[PDB]
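Enquirer: What follows is each chain in one-letter form.
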Amino acid sequence: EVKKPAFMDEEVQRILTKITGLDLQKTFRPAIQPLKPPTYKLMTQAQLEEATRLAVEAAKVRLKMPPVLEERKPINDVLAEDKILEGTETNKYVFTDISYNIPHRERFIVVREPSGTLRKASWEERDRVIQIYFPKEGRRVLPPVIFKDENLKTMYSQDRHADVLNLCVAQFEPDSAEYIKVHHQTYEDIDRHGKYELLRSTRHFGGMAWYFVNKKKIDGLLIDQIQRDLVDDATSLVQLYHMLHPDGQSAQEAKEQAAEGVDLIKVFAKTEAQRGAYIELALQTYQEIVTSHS
Amino acid sequence: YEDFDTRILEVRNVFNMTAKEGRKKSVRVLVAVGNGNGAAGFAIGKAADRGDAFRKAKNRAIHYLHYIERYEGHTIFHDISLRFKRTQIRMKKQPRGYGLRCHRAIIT
Numbered sequence: 063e064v065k066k067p068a069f070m071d072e073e074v075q076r077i078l079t080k081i082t083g084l085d086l087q088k089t090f091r092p093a094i095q096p097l098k099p100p101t102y103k104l105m106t107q108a109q110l111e112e113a114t115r116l117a118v119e120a121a122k123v124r125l126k127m128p129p130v131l132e133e134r135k136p137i138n139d140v141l142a143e144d145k146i147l148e149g150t151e152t153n154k155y156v157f158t159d160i161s162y163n164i165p166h167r168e169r170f171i172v173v174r175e176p177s178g179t180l181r182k183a184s185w186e187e188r189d190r191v192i193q194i195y196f197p198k199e200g201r202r203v204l205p206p207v208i209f210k211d212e213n214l215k216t217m218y219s220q221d222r223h224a225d226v227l228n229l230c231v232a233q234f235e236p237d238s239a240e241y242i243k244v245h246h247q248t249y250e251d252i253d254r255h256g257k258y259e260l261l262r263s264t265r266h267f268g269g270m271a272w273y274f275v276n277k278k279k280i281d282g283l284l285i286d287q288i289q290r291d292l293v294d295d296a297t298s299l300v301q302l303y304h305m306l307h308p309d310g311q312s313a314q315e316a317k318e319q320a321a322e323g324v325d326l327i328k329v330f331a332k333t334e335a336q337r338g339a340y341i342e343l344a345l346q347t348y349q350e351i352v353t354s355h356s
Numbered sequence: 217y218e219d220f221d222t223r224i225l226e227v228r229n230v231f232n233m234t235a236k237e238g239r240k241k242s243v244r245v246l247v248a249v250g251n252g253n254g255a256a257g258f259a260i261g262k263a264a265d266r267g268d269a270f271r272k273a274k275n276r277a278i279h280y281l282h283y284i285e286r287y288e289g290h291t292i293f294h295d296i297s298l299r300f301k302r303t304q305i306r307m308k309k310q311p312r313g314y315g316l317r318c319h320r321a322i323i324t
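Residue numbers (the authors' numbering), protein chains in the order written: chain R, 63 to 356; chain D, 217 to 324.
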């Protein structure tokens, strides 16, 4: 079977990086944090261009996309059932192995319940206790209150989606249900309000386009990419959609006509586009502006 | 010159011995002026009455207006160390939000 493309596939990372874009001014926007007096260097045009190159190298490492994973499966394993200890304790004991050189997902965290059952700690219990003994800067032991739907909607009204996602990465694990819930809610709000520009030149753009492709709702991103004159991006998105859905009518139509460039986007409109009429209109208007002006 | 403000930096009661009056007193006032937008100056006014010394210094200082270069309008362009006679000054360029941390006269 032809393997389903992955998020980390070298081809997917190429396309997702391209559509995301780069902007040294947005990637290195000044942080509102304690400040220090700036330093100054006299540089030639050769040295200045070299410095810009290193800045673009850092912007690449800065824009590294966070993992997109499937929801973890509940841990429900009972190590022992010592019924002799039933009724001798009122509160659960949680035992955490805190050996330094063990990966956190390979640590043994067990719970001795009042009934006497010795079981493995659940996912929510595992993450809480690992914060208490291996604290991570940015993460809190108890789930914050900013992730509540009412609080999240407030952040969306202020157009603070990149923060909602940066907070979701410091707090929750990539495979946790809360992580997937918050990300899918942020991506969904961007679509309805056409706020795709907020996450451009950010590490969160790749996951957003991935989510739309898998959910077959790239229509809005194509319309918005075209209206911003980013039609190379729109074509690459249609390539990614024809890669993760090979047996789709749209992918089979592009093979029949050997479509390339702007042709690929036109094929998508007729075949699988939820709102094909608008993609053609925006694509047509773009062609008219380009042809008329140049 | 409504956009300029005047500040007093010192008021002194100096004395000159005279045969007619013995000890005679004058008021020596040092003032500074500035528009808060890069232009400032100072002068000394002396008189027998304090009110007159204020007018003399205040209108004299408007004739000695330096223009001071501010980096982005909030700080000096670079560290400045100097000795004027026996007074030593060591200024340092600072980031936004640092505030003025200087001799009260320098703050003025």
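Since the hints were made in silico from the structure, they are not lab data. Hints may be right or wrong, so weigh each one.
Keeping only pairs whose Cα atoms sit at most 27 Å apart, straight-line, the calculated DSS-like set for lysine-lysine is [what the hints assert, rightly or not]: (1) R:80 / R:145; (2) D:262 / R:98; (3) R:135 / R:198; (4) R:98 / D:301; (5) R:80 / R:277; (6) R:243 / R:198; (7) D:309 / R:103; (8) D:262 / D:308; (9) R:145 / R:215; (10) R:145 / R:182; (11) R:103 / D:262; (12) R:182 / R:215.
Enquirer: Hint by hint, which ones does the structure fall short of?
Expert: Of the numbered hints given earlier, those the structure breaks are 1, 2, 4, 8, 9, 11, 12, listed in rising order.
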